[PDB]
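Have a look below at one chain only, the form deposited without the named molecule, in structure tokens format.
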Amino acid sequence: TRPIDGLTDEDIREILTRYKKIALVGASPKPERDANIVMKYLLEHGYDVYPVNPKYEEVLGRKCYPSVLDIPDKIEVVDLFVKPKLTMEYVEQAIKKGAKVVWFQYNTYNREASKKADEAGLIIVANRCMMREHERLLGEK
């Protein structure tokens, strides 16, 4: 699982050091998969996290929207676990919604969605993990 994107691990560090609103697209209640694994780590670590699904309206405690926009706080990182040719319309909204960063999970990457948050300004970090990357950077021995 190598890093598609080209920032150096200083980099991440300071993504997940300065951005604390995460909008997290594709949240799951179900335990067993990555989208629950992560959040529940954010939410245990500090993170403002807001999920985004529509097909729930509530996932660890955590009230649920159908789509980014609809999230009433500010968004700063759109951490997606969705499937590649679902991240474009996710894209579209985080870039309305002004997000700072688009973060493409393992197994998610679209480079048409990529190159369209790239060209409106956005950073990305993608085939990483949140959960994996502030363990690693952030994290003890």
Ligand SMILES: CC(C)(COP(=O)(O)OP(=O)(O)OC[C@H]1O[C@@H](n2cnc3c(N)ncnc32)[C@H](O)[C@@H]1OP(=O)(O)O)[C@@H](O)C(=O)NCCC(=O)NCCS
The other form holds:
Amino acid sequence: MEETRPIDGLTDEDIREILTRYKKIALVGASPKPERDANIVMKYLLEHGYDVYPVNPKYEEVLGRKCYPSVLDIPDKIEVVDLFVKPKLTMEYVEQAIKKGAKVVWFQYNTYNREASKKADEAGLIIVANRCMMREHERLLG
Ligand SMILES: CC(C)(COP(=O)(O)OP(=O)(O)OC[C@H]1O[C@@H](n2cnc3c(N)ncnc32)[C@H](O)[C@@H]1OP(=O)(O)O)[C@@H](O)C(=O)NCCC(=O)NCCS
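Here we have the form deposited without the named molecule; I need the corresponding form deposited with the named molecule bound.
Next comes the full complex, this chain leading.
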């Protein structure tokens, strides 16, 4: 009688490790609108010690942080690309994540793209899917 478990196949321990260790985040789809999920999670991660670089070519500053047009333009190392964009947009961002040397691609709810997931797996990145960083942080480090 196997229980349902997340499809990315990571244990609670693996996620807790990624949430404790990898705190340089490129948050793609960042938005200054309070209503968007990306704004709520970006504020929460900044309140919990994450260094969050918003990425969205539309904006130059979001929540007081300079906003970049690509993960590759961020002047720092990036460990996690946290995706708040539609599925077909994620392939490009996974490609940027690979070229930047990120360690983890994190597909937030309704962003998963199989093809993008495949390029990330081929390059060796850890893939987290169908979870929220905020909710996993609350569940595991709360
Ligand atoms: C993926 C998602 C944003 C789609 O929602 P949607 O209502 O269709 O919104 P859109 O994709 O049109 O736009 C959202 C943002 O993407 C940004 N965006 C669009 N194209 C982009 C691109 N190429 N690069 C970066 N950002 C982009 C837009 O600027 C927009 O922000 P804005 O309204 O400030 O302009 C949405 O399903 C989502 O928020 N998923 C994550 C949900 C989640 O995990 N919530 C946490 C719950 S605890």
